[PDB]
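Based on the sequences and whatever the hints tell you, model everything.
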Amino acid sequence: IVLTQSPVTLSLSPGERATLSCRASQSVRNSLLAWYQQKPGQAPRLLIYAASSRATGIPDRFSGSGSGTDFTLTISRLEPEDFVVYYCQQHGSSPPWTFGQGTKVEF
Amino acid sequence: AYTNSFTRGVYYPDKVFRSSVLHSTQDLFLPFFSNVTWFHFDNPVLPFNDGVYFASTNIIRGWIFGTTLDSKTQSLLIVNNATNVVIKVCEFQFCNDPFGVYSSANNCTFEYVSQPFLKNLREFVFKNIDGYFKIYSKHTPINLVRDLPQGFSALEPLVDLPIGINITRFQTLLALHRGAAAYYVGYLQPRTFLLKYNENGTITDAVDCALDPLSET
Amino acid sequence: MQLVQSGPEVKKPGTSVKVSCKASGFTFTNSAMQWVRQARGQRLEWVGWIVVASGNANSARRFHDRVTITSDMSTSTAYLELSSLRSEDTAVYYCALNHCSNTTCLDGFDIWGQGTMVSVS
Amino acid sequence: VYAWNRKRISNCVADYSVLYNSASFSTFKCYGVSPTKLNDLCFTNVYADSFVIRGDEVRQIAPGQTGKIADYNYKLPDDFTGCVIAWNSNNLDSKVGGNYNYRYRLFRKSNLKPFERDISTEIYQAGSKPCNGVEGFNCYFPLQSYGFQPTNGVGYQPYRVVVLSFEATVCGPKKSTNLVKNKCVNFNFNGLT
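Chains as they are written, first to last, in the entry's author numbering: chain E, 2 to 108; chain B, 27 to 66, 79 to 95, 99 to 140, 158 to 176, 187 to 246, 261 to 299; chain D, 2 to 122; chain A, 350 to 516, 522 to 547.
Since the hints were derived computationally from the structure, they do not count as laboratory data.
Please note that the accuracy of each hint is not assured.
As a list, the in silico DSSO-like pairs of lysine-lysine whose alpha-carbon atoms are at most 27 Å apart [said to hold, decoys possible]:
hint: 1; chain 1: A; residue 1: 356; chain 2: B; residue 2: 41
hint: 2; chain 1: A; residue 1: 535; chain 2: A; residue 2: 356
hint: 3; chain 1: A; residue 1: 535; chain 2: B; residue 2: 41
hint: 4; chain 1: A; residue 1: 417; chain 2: D; residue 2: 23
hint: 5; chain 1: B; residue 1: 206; chain 2: B; residue 2: 113
hint: 6; chain 1: A; residue 1: 356; chain 2: B; residue 2: 129
hint: 7; chain 1: B; residue 1: 113; chain 2: A; residue 2: 462
hint: 8; chain 1: E; residue 1: 40; chain 2: D; residue 2: 23
hint: 9; chain 1: B; residue 1: 187; chain 2: B; residue 2: 129
hint: 10; chain 1: B; residue 1: 41; chain 2: A; residue 2: 529
hint: 11; chain 1: B; residue 1: 113; chain 2: A; residue 2: 356
Here are some chain B residues the structure puts well away from chain A; computed CB gaps all over 10 Å [said to hold, decoys possible]:
hint: 12; residue: 51
hint: 13; residue: 85
hint: 14; residue: 121
hint: 15; residue: 127
hint: 16; residue: 161
hint: 17; residue: 167
hint: 18; residue: 170
hint: 19; residue: 230
hint: 20; residue: 270
hint: 21; residue: 274
hint: 22; residue: 296
hint: 23; residue: 299
We put the CB at the ideal spot given by N, CA and C, even for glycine.
Next up, the structure:
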């Protein structure tokens, strides 16, 4: 089971509406496709858990939606510190809780 | 039906020895000349209230004691199979009409096994006081089947069990194949008796102090 | 609620590494740590995961025979040692933990470590 | 210890001298009655709950004790009337190469009520999403087998633990002498003085 993510860079303006999607190649069991972000060279941190739920301590403006294979990360308000590589998860299967390629939220 | 209970139902009450002694006891006894219920093959439901004098003429094989059966209460069950009497306090499911009857053994708290003893008449007394269940017995040869014979015999104690269970109902079980049998049931009452211990130490005779004014005298 | 990880280890292509990851502020319940290896300039990867209470480790397929991922509940730690430390192993190693809210546990690896620059020189 | 064997003992004389004076039982102390004083006192029902645990959590088999075995495997009540016998069993239970027959319940939703025997080996759910009895993330089989080795230390050796519980057909014994005739004796027969 491998996970492919969608557009490899989001090169568009700050302060607007962007959509992030993880097109899985095999159907994710029990909808466990948590969403992480990782600013380059530092520790990642969790935003969406159980493929839709907002994490504790994390504020608003993010949204995980859908289940199964069709999937969406919904970011509402691109602040300059949200121009970060964003990552999938498949820690649902068994082995290879495969991540994604990431993307580049770019100005 | 009903039958006279001429002098029967008297038993050694306190496990001691007396010789040539008239002794008065205050204990759950079968009253003299009471009417006992005669059952002739079926096996109905009988209240236990205070204790049982049971008599019979190897058809019957055991007894079931308890209050609220179909497994909601631990039930006393006594079965004499094949020169072996077995006593269990397992919360058995009652059959609609038991007689395979001892099936569904669950939650067994007490178990006990002993050896039985074989125109004969089988007298038993079952009583339950202070959390203890007592079985008294004697096998007496006879030559009549109409009514209980007007002789005298005293029942030796045979079994004590420390159960402490609430009883108000009892059943008899008799082995079913498919010759009817008959038995007699009386109840015990707290009456005063005067007992006559012989030179051997056997109870030879007794009188009931509340029967008639002569016996009270 | 913090996973303090050990410092960097500059190593050699014949040696083996020993990466520890202590959990500060709390003790290990049935918490299911995972381990993430990031070669710099590449994506995050998956090494293996320990059910910390049970010790049932399970490593990834390319790491199937040469990493043992052990845990110790007495010290509230969870270790990692990777064998043979090839030139394609220079990375940053992240110990990610699932937070357990006693009554239950969460479904997300929220509290992470800080990294371990395992250098293959 | 998850499927701890309980046997009811009744209708017999319980001779405890061969237990206390055996000089082989390493851990032995008694709650609610002194061990040398319970020999001449009579109970109704005696349960001998027996299991095998690692030597560290012998202290977990105690009333008013919190831990892993005392919460998920075998809990004694606070009003525990009876006592615990634990002796080393490295020479029998710890076989060469590891003994994995003995397992203990490690993951459970709630702590056990006292004298509860849990036999279910369902795949424990630790998170929100149920995972229908298959193994995976937040899906743990709750029985983790002990690793028992002769190489292991004293605290890791297996200890066969037998727990006695008490509540009137369960008791000790006595005598003293011969019978004495034609002399003034102040006898004691069954209690009658």
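Hints and how they fare:
Annotation: proposed proximity of residue 356 of chain A to residue 41 of chain B is violated, straight-line Cα distance about 34 Å (limit 27 Å). A threshold of 27 Å between alpha carbons decides the hint, and for residue 535 of chain A with residue 356 of chain A the separation of about 45 Å lies outside it, so the pair is violated. Between residue 535 of chain A and residue 41 of chain B the alpha-carbon distance is near 25 Å, which keeps this suggested pair within the 27 Å criterion. Pair hint residue 417 of chain A plus residue 23 of chain D holds up; C-alpha atoms about 22 Å apart against a cutoff of 27 Å.
This hinted pair does not check out: residue 206 of chain B and residue 113 of chain B have alpha carbons roughly 34 Å apart, beyond 27 Å. The suggested pairing of residue 356 of chain A with residue 129 of chain B holds, with an alpha-carbon distance near 16 Å, which does not exceed 27 Å. For the proposed pair residue 113 of chain B and residue 462 of chain A, the alpha carbon gap of about 22 Å is at most 27 Å, so the pair holds. The suggested pairing of residue 40 of chain E with residue 23 of chain D holds, with an alpha-carbon distance near 24 Å, which does not exceed 27 Å.
Of the supplied pair hints, the one linking residue 187 of chain B and residue 129 of chain B is violated, its CA atoms being roughly 31 Å apart against a limit of 27 Å. Simply put, residue 41 of chain B and residue 529 of chain A have alpha-carbon atoms about 22 Å apart, close enough for the 27 Å limit, and the pair holds. At most 27 Å may separate the alpha-carbon atoms for a hinted pair to count; residue 113 of chain B and residue 356 of chain A meet this at roughly 23 Å. Every CB of chain A lies more than 10 Å from the CB of residue 51 of chain B, the least distance being 20 Å, so the non-interface label holds.
Residue-level check passed: residue 85 of chain B sits 28 Å from the nearest beta carbon of chain A, beyond 10 Å. The Cβ of residue 121 of chain B lies farther than 10 Å from every Cβ of chain A, with a closest approach of about 19 Å, so its non-interface assignment holds. No beta-carbon of chain A comes within 10 Å of the beta-carbon of residue 127 of chain B; the shortest separation is about 13 Å. Non-interface call for residue 161 of chain B relative to chain A: holds, since the shortest CB-CB distance, roughly 21 Å, exceeds 10 Å.
Look at residue 167 of chain B: its CB is around 7 Å from the nearest CB on chain A, not clear of 10 Å, so calling it non-interface is violated. For residue 170 of chain B, the shortest C-beta to C-beta distance to chain A comes to about 7 Å, within the 10 Å cut-off, and the non-interface label is violated. Distance check for residue 230 of chain B against chain A: the nearest CB is about 5 Å away, which does not clear 10 Å, and the non-interface claim fails. Listed as outside the interface, residue 270 of chain B is consistent with that label: its C-beta sits roughly 24 Å from the nearest C-beta of chain A, beyond the 10 Å cut-off.
With a cut of 10 Å on Cβ distances, residue 274 of chain B stays outside the contact zone with chain A, its closest approach being about 26 Å. Residue 296 of chain B, annotated as away from the interface, keeps every beta carbon of chain A farther than 10 Å; the closest lies near 38 Å. No beta-carbon of chain A comes within 10 Å of the beta-carbon of residue 299 of chain B; the shortest separation is about 35 Å.
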